[PDB]
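Undergrad: Chain residues, written in single-letter form:
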Amino acid sequence: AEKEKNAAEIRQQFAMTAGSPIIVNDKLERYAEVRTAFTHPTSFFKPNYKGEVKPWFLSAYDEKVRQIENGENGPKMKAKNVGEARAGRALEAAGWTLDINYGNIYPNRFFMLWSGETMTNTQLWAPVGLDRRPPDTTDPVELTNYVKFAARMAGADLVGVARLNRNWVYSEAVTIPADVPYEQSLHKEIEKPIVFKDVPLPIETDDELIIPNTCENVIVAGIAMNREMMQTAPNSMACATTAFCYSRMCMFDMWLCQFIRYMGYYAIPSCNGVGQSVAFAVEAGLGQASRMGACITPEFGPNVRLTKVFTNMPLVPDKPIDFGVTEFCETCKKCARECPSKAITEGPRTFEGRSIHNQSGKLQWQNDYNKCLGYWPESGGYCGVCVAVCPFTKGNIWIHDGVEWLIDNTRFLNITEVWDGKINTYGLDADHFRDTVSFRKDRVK
Amino acid sequence: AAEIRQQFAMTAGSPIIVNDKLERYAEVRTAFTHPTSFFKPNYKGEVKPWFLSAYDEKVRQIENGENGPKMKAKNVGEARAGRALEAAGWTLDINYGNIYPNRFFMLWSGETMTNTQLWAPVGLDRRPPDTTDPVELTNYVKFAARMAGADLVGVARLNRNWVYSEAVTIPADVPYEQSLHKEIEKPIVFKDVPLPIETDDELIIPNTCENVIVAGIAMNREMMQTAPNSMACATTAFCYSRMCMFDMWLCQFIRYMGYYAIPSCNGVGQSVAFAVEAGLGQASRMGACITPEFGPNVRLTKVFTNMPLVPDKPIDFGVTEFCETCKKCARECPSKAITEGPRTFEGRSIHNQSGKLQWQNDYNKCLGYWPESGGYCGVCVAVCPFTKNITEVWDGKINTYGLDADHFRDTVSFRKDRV
Ligand SMILES: Oc1cccc(F)c1F
Ligand SMILES: Oc1cccc(F)c1F
Ligand code: SF4
Ligand code: SF4
Ligand code: SF4
Ligand code: SF4
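Residue numbers (the authors' numbering), protein chains in the order written: chain A, 1 to 413, 431 to 462; chain B, 7 to 394, 431 to 461.
These are calculated hints, taken from the structure and not from any lab test.
Where a beta carbon is used, it is the ideal one built from N, C-alpha and C, also for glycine.
There's no promise every hint is true.
As the list claims (entries may be wrong) - Cross-link-like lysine-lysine pairs, in silico, DSSO-like; alpha carbons within 30 Å at most:
#1 A:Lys439 with A:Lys319
#2 A:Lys462 with B:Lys439
#3 A:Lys78 with B:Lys458
#4 B:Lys394 with A:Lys5
#5 A:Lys76 with A:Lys462
#6 A:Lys439 with B:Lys394
#7 B:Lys78 with B:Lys334
#8 A:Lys439 with B:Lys333
#9 B:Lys319 with B:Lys342
#10 B:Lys394 with B:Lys371
#11 B:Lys333 with B:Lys188
#12 B:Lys333 with A:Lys458
#13 A:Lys439 with A:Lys394
#14 A:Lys371 with A:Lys5
#15 A:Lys319 with B:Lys80
#16 A:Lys394 with A:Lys334
#17 B:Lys27 with A:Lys458
#18 A:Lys462 with B:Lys458
#19 A:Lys333 with A:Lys371
#20 A:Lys5 with A:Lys333
#21 A:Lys80 with B:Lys458
#22 B:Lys319 with A:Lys319
#23 B:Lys78 with A:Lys394
#24 A:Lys5 with B:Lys54
#25 B:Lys458 with B:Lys27
#26 A:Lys458 with A:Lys334
#27 B:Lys78 with A:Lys439
#28 A:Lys80 with B:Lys319
#29 A:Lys439 with B:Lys197
#30 A:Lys5 with A:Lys439
#31 B:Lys80 with A:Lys394
#32 B:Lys333 with A:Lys3
#33 A:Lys458 with B:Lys78
#34 B:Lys80 with A:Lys462
#35 A:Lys458 with B:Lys439
#36 B:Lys50 with B:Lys80
Claimed, not checked - Anything over 12 Å on all C-beta distances counts as not near chain B; from chain A, calculated:
#37 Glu2
#38 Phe57
#39 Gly71
#40 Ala87
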């Protein structure tokens with residue numbers, strides 16, 4: 001008979017021995033965040049459909065407007081009517097409500113405060129003194145169970161812990177000066193170094209963002225996106241599940257940082273800022289790196305967003321996982337073949353970046369992320385075709401052969434219906450939600 | 007669960023029985039806010055705002071290694087963790103409930119929000135609606151509501167009887183750090199105006215504001231069953247922040263569809279009445295809306311809008327007749343706040359709205375137990391048949443947002459059950 005799926009068993013079966021799985025060489029340096037395609041001057045500008053050169057997201061706005069006027073849900077993709085086209089973009093735009101300027105990357109600004117002191121919640125609770133009382137628990141085992149339980153309350157579908165590898169922390173962040181109001185933010189962005197110093201608490205000076213040398217650990221969360229909506233990539237409903245998950249990330253960071261602070265430790269939120277989420281997720285055992293470049297998880301494949309929190313709270317690091325992704329990506333190449341911009345390489349992994357947007361010195365598939373971003377104004381969205389076509393995104397991949405779990409190799413061989438179809442709270446799917454049930458034994462060993 | 011809900015659909019019409027004495031209720035009359043109930047002694051005999059006296063009890067409990075009143079924790083560390091989780095859960099909530107309208111997270115226009123500003127070149131909030139069909143709009147907005155974190159969603163015509171006559175708020179330029187000391191009353195009125203607007207004198211809801219969308223946000227059963235101890239406080243708190251995110255997300259969706267939207271959380275009006283009229287559940291002896299999926303172990307929020315929508319039908323699955331003979335909450339209530347008598351139209355005190363048929367409870371007695379116990383009690387929710431130690435909770439089953447995969451299939455939704 002069919003053995004019922006057991007996600008905890010799967011992770012136990014594929015657990016590796018301790019050690020960062022990412023292979024590096026001597027040319028590895030920390031990466032300046034301004035080099036990402038979203039921010040770098042070589043890639044930031046893209047033409048719109050009239051040939052006007054603009055910040056990429058403004059060119060994409062132009063395409064969204066054109067699609068709604070023409071009753072389309074995506075490039076060359078007719079909607080049922082203009083109202084359906086309108087509804088998809090209204091859902092997408094609303095999803096971003098709790099996210100600043102597409103990713104919350106400015107450290108210690110807006111929602112990403114590095115101290116809780118000025119928050120309305122901290123002020124309301126100040127008489128209890130939870131953020132000023134020394135920790136009552138220093139045992140990493142108990143702290144790991146407490147913080148992972150809190151992480152699930154805070155909206156994580158996956159959570160893992162790693163020691164902080166500074167190689168993945170940006171050498172300089174993109175931010176804004178502290179006196180700049182929101183309406184000027186996009187015009188006043190600056191770079192600011194992230195440094196590690198012997199100080200008691202995270203602190204920002206005029207010159208530096210300072211992380212304490214005591215900042216030992218990173219907690220990584222996976223925030224699951226909706227399968228049906230992502231499968232509409234590159235059209236608007238894939239944009240909407242992306243957007244809503246960014247606001248879920250923001251809530252997660254603030255909730256968890258406050259819990260950690262109220263336990264007597266400090267906590268640094270980040271969302272898409274501070275450092276490279278995929279590398280942290282791999283080191284924390286959420287999944288493995290992939291050809292497309294994302295972290296592929298056993299539960300969701302790559303169809304999951306990542307955020308992370310940095311802390312001095314003593315914790316037990318999780319073990320990395322190896323469930324064969326590297327070997328499958330070596331022969332699969334579906335994302336590379338379906339990529340509308342040919343951004344994803346079909347070749348082997350190397351240590352040599354394809355362009356300024358890649359960090360050299362770590363073994364990975366090297367993709368051209370300027371080509372990727374170029375498709376976003378063209379399509380009026382955030383694409384996601386690679387996530388959508390990846391076999392690991394299917395809910396169907398795990399089988400048990402009577403002895404152990406394995407991947408089913410057979411897997412690698431419209432929007433109106435989405436609006437009219439299955440949905441549940443936060444876009445989670447009750448057919449798979451048991452996969453993320455958690456007891457103490459899977460939170461800490 | 008879609009089976010049961012249409013099996014128990016009533017015909018259209020508000021099921022709340024009223025008389026000609028009914029008047030709209032001033033929000034300041036709630037036990038949280040009224041001067042006769044706001045101050046309570048702490049365990050040392052010092053009289054303070056009730057939540058400050060409760061704070062003193064939380065500190066005393068942590069020091070004494072307790073998770074609740076006379077409830078020893080495994081150690082001081084466990085006691086601390088429960089209160090840290092509780093305090094963190096409130097991160098996206100202002101002053102216990104987000105009640106001040108058109109302040110902080112509860113803005114009545116999206117125009118100044120960072121998200122609206124970023125999206126302004128697209129013009130979604132300025133473009134006339136492309137859809138005016140209430141059937142399609144009901145399907146769209148309910149789908150959005152599930153994306154926004156509602157476990158239940160319903161629609162009713164707006165009954166102004168349940169809108170507060172006057173809100174508790176603060177002056178618009180008062181900074182957060184002075185908010186608790188500068189609360190004021192302000193009338194909520196309905197006028198022929200295009201958009202929701204606030205003047206120096208009034209909160210003005212348009213006469214075109216036809217509908218209310220009510221969301222149920224499920225609490226965690228294991229944690230609520232620790233009532234009156236700290237983990238019940240934590241699931242309460244996290245759900246208040248889920249309420250706030252729901253309101254903001256859904257208001258933005260409605261605005262980007264070409265309509266206006268008023269968020270509320272615990273402000274603006276009486277959630278239980280709206281929830282009953284929108285078919286989420288039935289009123290109960292304890293006073294909560296009891297739902298088939300969660301019983302009373304579910305939080306409520308609501309959004310008011312001129313968006314054309316199809317009202318849901320009220321539901322009758324026998325709660326009234328069950329509460330008539332049960333009385334379990336009334337017998338377990340640590341403060342004897344809940345009546346064992348029959349329903350009447352006459353409030354027991356200033357905290358009740360007279361003129362509607364309900365079980366009349368003494369809500370000052372309830373609030374009095376909160377500083378004593380250092381929490382938000384919830385024993386009534388925990389013991390209710392419809393709802394069905432702390433170390434075992436921390437070591438036990440949990441899942442995303444505290445939802446339970448053993449029951450999460452009950453809130454799956456297709457178009458057939460949305461409209
Ligand atoms: O604008 C964005 C859209 C989707 C994902 C991102 F990280 C973005 F910055
Ligand atoms: O349910 C609540 C719990 C604590 C404080 C409040 F104001 C509430 F409304
Ligand atoms: S589509 Fe294939 S090659 Fe690309 S990331 Fe997925 S498994 Fe790897
Ligand atoms: S998001 Fe689209 S354009 Fe970018 S790599 Fe994936 S498939 Fe290619
Ligand atoms: S919350 Fe507690 S004190 Fe209040 S009515 Fe319920 S059981 Fe009674
Ligand atoms: S405990 Fe019994 S009387 Fe009280 S609300 Fe629940 S069913 Fe009704």
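Undergrad: If a hint holds in the structure, say so; if it doesn't, say that too.
TA: Hints, verified against the model:
no.: 1; hint: A:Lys439 with A:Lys319; result: violated (35 Å)
no.: 2; hint: A:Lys462 with B:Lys439; result: holds (16 Å)
no.: 3; hint: A:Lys78 with B:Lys458; result: holds (24 Å)
no.: 4; hint: B:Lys394 with A:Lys5; result: holds (27 Å)
no.: 5; hint: A:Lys76 with A:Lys462; result: violated (52 Å)
no.: 6; hint: A:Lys439 with B:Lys394; result: holds (26 Å)
no.: 7; hint: B:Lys78 with B:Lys334; result: holds (26 Å)
no.: 8; hint: A:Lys439 with B:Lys333; result: violated (39 Å)
no.: 9; hint: B:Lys319 with B:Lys342; result: violated (34 Å)
no.: 10; hint: B:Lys394 with B:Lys371; result: holds (26 Å)
no.: 11; hint: B:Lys333 with B:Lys188; result: violated (40 Å)
no.: 12; hint: B:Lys333 with A:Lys458; result: violated (40 Å)
no.: 13; hint: A:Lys439 with A:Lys394; result: holds (16 Å)
no.: 14; hint: A:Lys371 with A:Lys5; result: violated (39 Å)
no.: 15; hint: A:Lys319 with B:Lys80; result: holds (29 Å)
no.: 16; hint: A:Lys394 with A:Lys334; result: holds (13 Å)
no.: 17; hint: B:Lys27 with A:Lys458; result: violated (59 Å)
no.: 18; hint: A:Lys462 with B:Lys458; result: violated (45 Å)
no.: 19; hint: A:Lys333 with A:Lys371; result: holds (17 Å)
no.: 20; hint: A:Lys5 with A:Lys333; result: holds (27 Å)
no.: 21; hint: A:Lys80 with B:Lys458; result: holds (19 Å)
no.: 22; hint: B:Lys319 with A:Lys319; result: violated (52 Å)
no.: 23; hint: B:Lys78 with A:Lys394; result: violated (47 Å)
no.: 24; hint: A:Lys5 with B:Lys54; result: violated (54 Å)
no.: 25; hint: B:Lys458 with B:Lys27; result: violated (40 Å)
no.: 26; hint: A:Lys458 with A:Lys334; result: violated (37 Å)
no.: 27; hint: B:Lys78 with A:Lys439; result: violated (45 Å)
no.: 28; hint: A:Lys80 with B:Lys319; result: holds (29 Å)
no.: 29; hint: A:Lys439 with B:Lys197; result: violated (40 Å)
no.: 30; hint: A:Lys5 with A:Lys439; result: holds (22 Å)
no.: 31; hint: B:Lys80 with A:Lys394; result: violated (43 Å)
no.: 32; hint: B:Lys333 with A:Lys3; result: violated (45 Å)
no.: 33; hint: A:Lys458 with B:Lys78; result: holds (24 Å)
no.: 34; hint: B:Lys80 with A:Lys462; result: holds (20 Å)
no.: 35; hint: A:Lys458 with B:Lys439; result: holds (10 Å)
no.: 36; hint: B:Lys50 with B:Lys80; result: holds (25 Å)
no.: 37; hint: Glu2; result: holds (18 Å)
no.: 38; hint: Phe57; result: violated (9 Å)
no.: 39; hint: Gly71; result: violated (9 Å)
no.: 40; hint: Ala87; result: violated (5 Å)
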